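Take a look at this one chain, the form deposited without the partner chain, written out in structure tokens.
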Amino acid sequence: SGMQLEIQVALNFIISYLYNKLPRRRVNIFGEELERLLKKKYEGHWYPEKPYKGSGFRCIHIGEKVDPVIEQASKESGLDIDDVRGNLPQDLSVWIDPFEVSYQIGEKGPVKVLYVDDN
């Protein structure tokens, strides 16, 4: 919805790297927990009239440093954080903003758009 859909798009993209690699059941729980985690964190930091505002704060980073939400979802689903980081694209940035979901593999990699609703 106003936030549900976008988070869903990003989650789908993220766990697609985990399936077939890690236990199916654990990946589902991981996704469910991450979803609840993102909604809670994003609340109060989602401005439809200006999606760019709070974009850095919302961005999920998974590279040399990893977003706490990924660490939490792992610990709440029985997945080892290192298995998760090992299966995801190196230096990944995932932006979840109103009307747009995108990512980038590598500090200097291209910004790819998964979802976008420019009205």
Second form
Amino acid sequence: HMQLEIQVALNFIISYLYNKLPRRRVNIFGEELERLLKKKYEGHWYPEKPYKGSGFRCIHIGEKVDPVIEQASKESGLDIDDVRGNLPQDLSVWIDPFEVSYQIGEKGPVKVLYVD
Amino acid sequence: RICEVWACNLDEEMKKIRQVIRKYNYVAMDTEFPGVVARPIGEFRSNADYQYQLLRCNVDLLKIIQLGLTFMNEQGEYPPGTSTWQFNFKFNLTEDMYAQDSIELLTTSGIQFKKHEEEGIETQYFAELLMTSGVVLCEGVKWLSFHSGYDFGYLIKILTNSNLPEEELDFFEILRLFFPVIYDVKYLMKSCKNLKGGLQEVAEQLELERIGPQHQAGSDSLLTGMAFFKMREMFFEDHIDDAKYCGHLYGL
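Having seen the form deposited without the partner chain, can you show the form deposited with the partner chain bound?
Then the entire complex follows, led off by the chain already shown.
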């Protein structure tokens, strides 16, 4: 169901980490994140109204990092500063039904990764 | 809906607020000050520290001109009758420091400085009233705001009656004591893909009913409150994650 959308988002985020941090830890980070996101989104996914719950589901990585990223990062032995450090500054990722998009920077354009 | 408050009726209105807040603990707020006039001096530990030092050197030098408070409950309902209070503070264009453009912008918005100078509220007295009325501290209030770093900076300045803490972390420790719960709508907007811009632009995007002088504290607080509740159901699952949003002011 929401599986696809979550992996699109994950593969995007993870693509910045590989070859920059230990391969195994990035893999765990990726797998753990999927688990955390699937848990968090249950009961908050409305394929009928994709905008509904958008903010609740938004994943941000900037000065303040989303707790799920911190949790996945901790559970994979990755220093949060190393994760934020290899990702674009103030990255925002929206994971909605049938649509995954992101925004690099507070003023950056919203780009689409996946849509239906 | 919006009660203009001056010195002559401060006590009368605070007494009502002392009661309204009991059932309407969600209070949206905004302020109006004489712009930004100074530049931080010294070194900075980071970008966050620079922004804070920028705010500090300006908050310490200027006087708040207007405070707007709109009261609501958990379900976004307003108290019967007056829901918003606009406090006008004493300001003197001949004595007080200020930024030219800001004063001109405010003049165009309807601020009557002459009356502020003659009948304006005394922050020292307002501070005491805030404390002795249960609106400001560790009770069970939810503060709603928009791009509020300066707004809370001015309030902290009044409530402590002193220059802001030199260190950024100390300022937030104190901020938490007086306003343990704060939701900055503009900060929340960063998580809403289709929401951007200032208050007026967000009102448009959310199709909110603007009420009053669309450029003053009271009027703005109304929009903030309306924006918060709509956004809280629309984009947030009827519950803002405190770990990620509580106490976080846009910019700082």
